Structure formats: structure tokens, C-alpha cells
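K.L.:
Add chains G, C and R to chain S, keeping to what the hints say.
Here is what each chain is made of, one letter per residue.
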Amino acid sequence: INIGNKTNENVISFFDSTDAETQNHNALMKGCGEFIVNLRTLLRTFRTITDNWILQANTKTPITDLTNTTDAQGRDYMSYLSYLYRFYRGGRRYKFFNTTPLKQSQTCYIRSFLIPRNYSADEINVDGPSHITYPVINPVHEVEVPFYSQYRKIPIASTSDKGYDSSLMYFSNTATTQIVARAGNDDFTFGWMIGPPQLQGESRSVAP
Amino acid sequence: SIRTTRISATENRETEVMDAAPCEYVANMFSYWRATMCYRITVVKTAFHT
Amino acid sequence: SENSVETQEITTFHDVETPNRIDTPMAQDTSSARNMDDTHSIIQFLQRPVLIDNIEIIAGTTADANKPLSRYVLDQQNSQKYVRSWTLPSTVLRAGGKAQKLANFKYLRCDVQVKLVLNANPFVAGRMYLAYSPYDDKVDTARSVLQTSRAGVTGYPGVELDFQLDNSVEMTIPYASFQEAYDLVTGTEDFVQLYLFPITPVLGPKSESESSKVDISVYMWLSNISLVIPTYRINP
Amino acid sequence: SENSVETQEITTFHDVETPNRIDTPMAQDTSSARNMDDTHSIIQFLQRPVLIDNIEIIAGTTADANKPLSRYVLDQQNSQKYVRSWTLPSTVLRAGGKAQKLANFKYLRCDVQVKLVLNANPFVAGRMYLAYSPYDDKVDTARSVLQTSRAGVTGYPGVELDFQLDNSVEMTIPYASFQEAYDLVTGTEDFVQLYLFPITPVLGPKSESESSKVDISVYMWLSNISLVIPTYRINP
Numbered sequence: 067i068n069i070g071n072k073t074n075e076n077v078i079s080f081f082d083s084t085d086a087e088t089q090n091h092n093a094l095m096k097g098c099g100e101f102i103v104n105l106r107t108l109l110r111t112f113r114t115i116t117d118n119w120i121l122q123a124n125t126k127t128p129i130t131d132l133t134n135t136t137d138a139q140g141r142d143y144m145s146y147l148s149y150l151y152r153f154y155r156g157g158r159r160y161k162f163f164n165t166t167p168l169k170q171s172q173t174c175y176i177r178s179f180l181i182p183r184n185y186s187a188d189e190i191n192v193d194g195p196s197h198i199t200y201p202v203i204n205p206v207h208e209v210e211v212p213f214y215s216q217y218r219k220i221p222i223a224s225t226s227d228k229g230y231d232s233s234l235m236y237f238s239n240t241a242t243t244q245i246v247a248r249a250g251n252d253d254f255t256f257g258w259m260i261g262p263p264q265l266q267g268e269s270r271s272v273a274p
Numbered sequence: 560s561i562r563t564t565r566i567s568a569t570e571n572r573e574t575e576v577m578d579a580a581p582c583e584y585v586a587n588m589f590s591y592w593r594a595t596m597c598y599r600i601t602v603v604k605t606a607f608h609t
Numbered sequence: 208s209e210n211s212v213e214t215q216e217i218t219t220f221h222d223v224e225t226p227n228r229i230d231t232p233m234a235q236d237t238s239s240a241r242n243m244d245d246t247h248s249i250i251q252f253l254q255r256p257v258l259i260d261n262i263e264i265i266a267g268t269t270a271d272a273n274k275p276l277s278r279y280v281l282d283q284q285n286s287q288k289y290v291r292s293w294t295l296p297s298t299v300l301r302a303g304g305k306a307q308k309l310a311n312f313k314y315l316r317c318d319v320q321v322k323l324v325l326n327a328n329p330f331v332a333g334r335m336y337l338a339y340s341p342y343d344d345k346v347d348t349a350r351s352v353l354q355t356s357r358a359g360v361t362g363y364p365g366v367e368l369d370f371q372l373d374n375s376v377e378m379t380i381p382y383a384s385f386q387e388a389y390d391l392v393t394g395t396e397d398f399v400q401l402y403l404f405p406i407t408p409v410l411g412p413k414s415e416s417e418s419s420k421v422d423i424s425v426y427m428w429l430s431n432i433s434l435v436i437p438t439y440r441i442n443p
Numbered sequence: 208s209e210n211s212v213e214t215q216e217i218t219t220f221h222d223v224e225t226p227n228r229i230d231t232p233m234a235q236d237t238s239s240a241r242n243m244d245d246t247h248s249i250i251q252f253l254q255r256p257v258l259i260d261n262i263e264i265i266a267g268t269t270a271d272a273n274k275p276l277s278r279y280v281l282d283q284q285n286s287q288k289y290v291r292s293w294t295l296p297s298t299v300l301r302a303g304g305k306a307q308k309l310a311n312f313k314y315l316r317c318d319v320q321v322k323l324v325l326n327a328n329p330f331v332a333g334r335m336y337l338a339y340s341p342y343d344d345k346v347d348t349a350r351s352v353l354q355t356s357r358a359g360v361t362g363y364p365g366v367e368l369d370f371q372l373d374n375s376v377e378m379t380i381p382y383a384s385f386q387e388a389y390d391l392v393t394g395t396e397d398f399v400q401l402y403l404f405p406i407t408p409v410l411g412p413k414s415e416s417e418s419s420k421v422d423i424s425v426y427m428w429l430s431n432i433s434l435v436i437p438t439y440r441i442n443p
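Protein chains in written order, with my numbering: chain S, 67 to 274; chain G, 560 to 609; chain C, 208 to 443; chain R, 208 to 443.
In isolation and in its complexed conformation, chain S is listed as follows:
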């Protein structure tokens, strides 16, 4: 009753029919089947990051010409959980779906290579671990970049250091417009939780 303050923490509860963990199994067994637990499992599913990427013919294009753009939006699960965390380790699987009006007077093919991060086009070589597909017989390019880093983990959008882990270079022959989808590899995981930034809603843009 005296003049002062205490803390006396009270976890007082409302409705207390049954244990919560028991009803959640019974609720998902009749409504879902699938039981989503860990967000590490959502970095294994290939969500499409773009719908159209019109690549100019005969140019060794790094994916960082698209990754700097498409890590802002958070459309996929890699860049939407780029805001709840700070570090990451693990390689990024990429799949490329061809959507080109192909022409019979050419033999279309697709290459792929490695560059370290954030280098430009001409300042890297080409003999490395490669992969090749032929989109007449195989429209999907099934490529996984490994995790070849100097450091054990990487923060997002670092300082003036560059070329400290590896990523993809994408070479074609014809002006192939595609779909690009991605997720992390088997050992891709974030860490070091922070609080989340904001969200953006609908932009109907009424006149007055």
C-alpha cells in the first residue's frame, strides 16, 4: 500500500477449454494436411521473382543486374525474409523458364558460369564450372550456385569490399525473354533476427 512500485508479472488467461497444441493438430488434419513449422523450409520453394526479363542477344549478363532491383520488392520469399534478418549463408538455386518466340533459322542454346559478387561484365574470365541447356529440347535451366566465400556469413548490402562470395553469370546467343525463379539451396539459412520494416498496400489513386 506504500508509495512505490512493483512489477508482479501476471500471465492471466482467457478461454481455457482444452490445451492449445492438441487442437492445432486436429484443426490442420481436417483443413490442411500440411503443417508449416519452420520458415527455413520456405527458402526451398522456387517462387518466381520476375515475369519477363528481355535479355539482349550475345551478352554475358550477371544476375546482379536483376538482383539489385528484385531484392527491394520482397516479392519472393528470399527478399521478403531479407527484412526480418541481417546475415545469410548458402547458395541460391535458380531456374530459368523460356518464353521466347523461337526461330528455326538459328540453334538456340544457353550457358552459365560463375562470377564473384558485384563484378561487371568484362572484368572476369569464362573458363569455370559451367552448365549448358538447349531450349528446343529443354526449356528449363536447372542451376545451383554453391557457397564459395571468404567469410563464414554475409551481411546484406555491404561496404566497398567486393568479390567475397560467388554468384551466377548468364550467357545466351539469342534475345531470349524468360521467367526467373529462385530459392536457397539445401543449406541456405538466415540468422540474427531483428524487427520487421513496413508494408505497402493498394495504390488505387483516386482523383481528389
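Which residues of chain C face chain G? A few of them, derived with a C-beta cut under 10 Å, are:
(1) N326
(2) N328
(3) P329
(4) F330
If you anchor each label on the Cβ, the simulated ranges turn out as follows:
(5) S/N90 / G/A580: 15 to 23 Å
(6) R/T379 / S/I102: 34 to 42 Å
(7) C/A332 / G/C582: 43 to 51 Å
(8) C/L410 / G/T605: 19 to 27 Å
(9) R/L258 / G/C582: 48 to 56 Å
(10) C/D260 / S/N90: 42 to 50 Å
(11) G/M577 / R/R228: 43 to 51 Å
(12) S/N92 / C/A332: 57 to 65 Å
(13) S/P167 / C/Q235: 54 to 62 Å
(14) S/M259 / R/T379: 48 to 56 Å
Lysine-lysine pairs mimicking DSS-like chemistry, simulated, CA-CA at most 27 Å apart:
(15) R/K274 / R/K420
(16) R/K305 / C/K308
(17) R/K313 / C/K308
(18) C/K420 / C/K322
(19) C/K308 / R/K308
(20) R/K308 / C/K313
(21) R/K305 / C/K313
(22) C/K345 / C/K322
(23) S/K96 / R/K313
(24) C/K322 / C/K288
(25) S/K72 / C/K322
(26) C/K420 / S/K72
(27) C/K305 / R/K308
(28) R/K322 / R/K274
(29) G/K604 / C/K322
(30) R/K305 / C/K305
(31) R/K274 / R/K288
(32) C/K345 / C/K313
(33) R/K345 / R/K305
(34) C/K305 / C/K345
(35) C/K420 / C/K274
(36) C/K288 / C/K420
(37) S/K72 / G/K604
(38) C/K305 / R/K313
(39) R/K345 / S/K96
(40) G/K604 / C/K420
Just so you know, the hints here were simulated from the structure itself, not pulled from any lab data.
Every residue, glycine too, gets a C-beta built ideally from N, C-alpha and C.
P.N.:
Below, chains G, C and R without anything else, positioned relative to chain S:
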């Protein structure tokens, strides 16, 4: 919260900006939810307020 | 084949044979409203506290709320001055939507609880007394609480209501009537009739624009109830 | 001294100390309303049969009550002709004063019983059929009972309603909704919607001034109920 900019002399754009609790921020990914909520209401008082 | 006499809640039938009744193939359980809350009985439902009155005192005071208890009461015009008057159980039954939940019953055997949540600042002192008097507006004039002296008012049953020592009181007003099991239809119940008296005037600094408040609240709920005979009426 | 957290029905408090509560000296028993009837719970109270409808048939008949079941239904204008339509549970909840006894609750998990007391003279024959169809006025037009043939009407669940063999039927209409635990506040429940069809026309002597009556009555009450979440509203 609504952000109102200008485009022309008689047209504007009203973009909805939402706050995001980490419980809220995960739920935007998923469609249907079921969760036991929690709230910790704290009074910031002096020694003399009753 | 001859003996079809079945029993509902309070209802019995008399048929020639059991009238070839069909039913569910298997009574499988369905949606989980049973798993979210246990069923609240009608004796469980008349044990919920209700916010009845909200009494604010400022000292002050121009009004009657801080006229102290008179040492002597010489005449019925200068009766004993109080704060509020609760005429139980006719207050506790109407409030909280209870009377629209004990309709179609006849007799009641209740015990009214009374709790006072109190919340005042440390710079204010005073003391009150929460007395109850059965048949206080039915008996002859000299026997009521409002006509006796200060020693006679306080001698009634009740509890002290000091500010700084008591932030909650628990008083159990018993089943205090001569009639067995209170009538409800055409009700004129009003058996025990509660009061609230200030003994000392509420004290604070005599300079104003300071707002020395008190802010009492009253909670009431029934206990040890038995609700027995079914009827078709009720008073509105 | 620090821990004053007490629990009512559905209500908890938080005080500094236990506020010096006084009570009865000894809780002696009083008037014998407990010895006259046992207390009827709210799950016990929603199991009382109510007199809903009182259907009289004369053969007759100028009216629609003895148009027999159509062998074919070729168009929606010539829909299937019936006697009455009970749109459960919105009929059984309003009648018998039940809705003024399950106010301040939210969710309900009921099973509606239906009984038909029947009382006709021995010189009258006929047969009816008591079918129920869930979502009968919510689904598309072709799937309702009122649009199918006589073999399709009778193929719905129900019971025979012959006069001379059956003076009582017992039908258990189950909890037949997709929503868990029926909503009450802002209610548009109307899930299972009952019917009563005559198969054969009622038969009696064609000379009149004879009064060949039938006089059906309908009793309904709930079963296996669970009433869970407390609120402050309700629909009138």
C-alpha cells in the same frame, strides 16, 4: 496510414502504408491463420497515480 | 408396446406405443464449441459480479455526500444523511441482465455479496461505514437506521471503509427474510436494504483547483442460490 | 498480502491486498426451496418440449393441405406442394421463451428433436412423410426437395406418418452445418429446413356434415448442446 502525393492538377495517388508487428509480418505471406494471441498491457505511471 | 411414458426436463408423455422413432445412424461428434468453454449452469450464471454504481466524492463539499453522521437525531426531518440506498435484492436482480435469465422460475434462495473497489490518491483521508438493515423501510419509524444516533448506526452490521488501508471489502449479506424462498412473480421483495454512510467528512487541502476525488464502485453477485419452481409468467 | 487474484464465474480481480472481507458468522441453512426442486441447469432448460404448431386437416379438401405429392415436377411454378415449413433452428430457438434464456451467449452446438403427437378418429385413413433437407433454400434450385419427383422427395431422410399405426414419431435432426458452433448474434442460421408432405390424399366419406379431422401437433426440443462464449449483445 495513407500517403497522398500529386500527379497532375486534379489527380492524386493514395498509397496505403501499414505498420508491421513481427506477428503481422509473417501473416502477410500466408492466407489463412490460427493463433493464440497475447497482449502485455503496461501502465506508465508515477508512484502516486492510482 | 403399452408403456410409453417418457420424461423430459420437467414434462411427461402418455402414448399407446412407442411411436416408431427413428434417429441418427451414429452420433459422431462435430464442431468444437465444447472444447472452447465448459457449459455455464444457471447457478453458475448468477455468480457474476456486475458494475452497479459509480460514486464520486469531492471535498468540497456543497452536496449531501459529505454531511457527516449526526451525533444525535432529534426529529424525523433531520434524519440521518447517507450517500446511496440499495434496496436488495431488487437492485441486483434487475441489473446485469439477470432477470432476463431467471425468467420462468418462481422461488429464489439467494445470498447477496457486496464488494467495493476503491481508488483514491494518497493525499486524501477519511472513513466510511457500509451498513445493511433488513426491513428498513417496512418496520416502524424509530427502528430504522436513519433515525438512530451515530453509535446506533455504527452498531448495525457492516465493515470499516478506510481509504489507505482498505482497497477492497467483502461483505456477505445473508438470506434475511421470514418468507421461505423469495417470490418473483408479482414481486415486492425489498427485504434487506443497504446503506453507505460517511463517518468523518472527507479531508483535503482547502485551496481549490486541486480535484480531491474518491471514486467508489460497487460490485454485487448472488451466492448459495436455489431456483426451484417453474411458471409461465413474470414481472417485466 | 500481495496476491489477491480471485475468480468468479468468468471474471478475475487484481487488488493490492485481500480487502479485509467480513462475512456471515455461521452459514446456517434457511427456507427449503432446495428441498422442493433440484436446480435446472441451462443445458437442462433447453431440453423442454414446446408446442409449436397445430395443424388441422379436413378431407375435404379445397385447400393445399391435401394436394398429394406430384409424380413429376416439370417446372418451378408447379413446385412440390407441402403443409408447413419449419426453418430450423430459427423456429425452435424463438419459441418457448428459449432465446430470452440463452441471451448473452455466442455459439451453440445443438441437435433438434422433433415429435408429432397425432390424434384422429378410426374412420379416417392416409399417410404422410416428414422430410428434412439441409440448406434447402440456400442451394441451387434443382437440388431442393420442392423441385424433385415423388421418388426423390421420399428418398430424403424422414419417417412414415401413418395414422392407425403411429401416434408418435421420434426424429433426431443432427447438427448439420459446415460452420462450427452456430452463431447467435447477427444470426442468419436457418441450416436444416424441415417439411411435411402428404403422400396419399386424406380419405373419408364423400358425404359432408361429418367432420373428418386429423389435428397434428409438433413438439421440438434441443439435445447434446454446448453453449460456450459469453458476449454483451444479442438479436431481438
